[PDB]
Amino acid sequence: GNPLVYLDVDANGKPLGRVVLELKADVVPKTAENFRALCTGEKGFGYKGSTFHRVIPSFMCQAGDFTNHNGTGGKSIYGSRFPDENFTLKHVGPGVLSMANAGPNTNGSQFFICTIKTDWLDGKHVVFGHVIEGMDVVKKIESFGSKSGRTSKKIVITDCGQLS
């Protein structure tokens, strides 16, 4: 079976709830494994305590920069960057989990959860899963974003890990 992982998210230090994600290890095992291990923190680093630093209403919520907390940082379990595994899964609608990057073959740890269909990102960002539960939490995060991506509340992944 595919891993299920969770992110427990605060806004301004108060809990919003839990986002549960299915990682499509069947389609993108290398990309799924990176995210899974960053959720557990088993390599000695990962998402716990880090933020959603860029959130744009009617677009997506972006997180995963656990080194610089601003979009410039992050790293993978393999090294600083790893290749685009494939573009088999598409940005079909709200709830899609996909890798942020800095162009082709620059995946690190940054990711985004879509709040709309983002078809223009097909073939540019590796989709590797989707929201199983907690779209309400995602919509809350979204509501704290802005046109510029600046958040109006501090959005923190307080706890994360693997459910199965």
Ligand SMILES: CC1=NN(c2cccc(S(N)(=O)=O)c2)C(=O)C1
Second form
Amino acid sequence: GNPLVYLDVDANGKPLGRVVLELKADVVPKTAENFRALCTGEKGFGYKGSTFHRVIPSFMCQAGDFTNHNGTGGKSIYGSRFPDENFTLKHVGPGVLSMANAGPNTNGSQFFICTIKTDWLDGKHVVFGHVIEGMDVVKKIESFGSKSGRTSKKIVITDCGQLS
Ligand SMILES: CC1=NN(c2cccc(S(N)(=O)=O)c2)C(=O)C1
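Form deposited without this ligand already given; the form deposited with this ligand bound follows:
Time for the whole complex; same chain goes first.
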């Protein structure tokens, strides 16, 4: 079946808990595979040790820039960027996992977890999974955001990997 992966998240060096994500490899296999491998770190790089650098309450929590830690960086397992696979899955509500980008066909490693329905991103960002467990952790992360996206605590993915 579809992969299950996890992110263990600290805020200011203390654990918040675990976010478990189902990756919809049946719908977006290339996008799911990228995220899966970045969680395990099996290509020699990935999300371990990186941050949620942009968090906006009542919108989303963004992470995945493991090269520049500020929204400008990241890379995929395929190369620096890869195409929009499809827009079949929609930003239906809280817990949606979707790719951040800088316009069409600029997926790398950055991603966000929605804390509300973000319908205006449908057709612009590739949705590829959702939160199975740990929305409480996501709400904690969200609470450390701001309108500007600047976080008020340092939010770090201390560990990540694949459960199945
Ligand atoms: C304003 C900011 N926008 N971003 C940013 C960086 C990568 C992707 C995206 S996006 N187009 O929301 O998925 C936003 C920042 O990091 C700060």
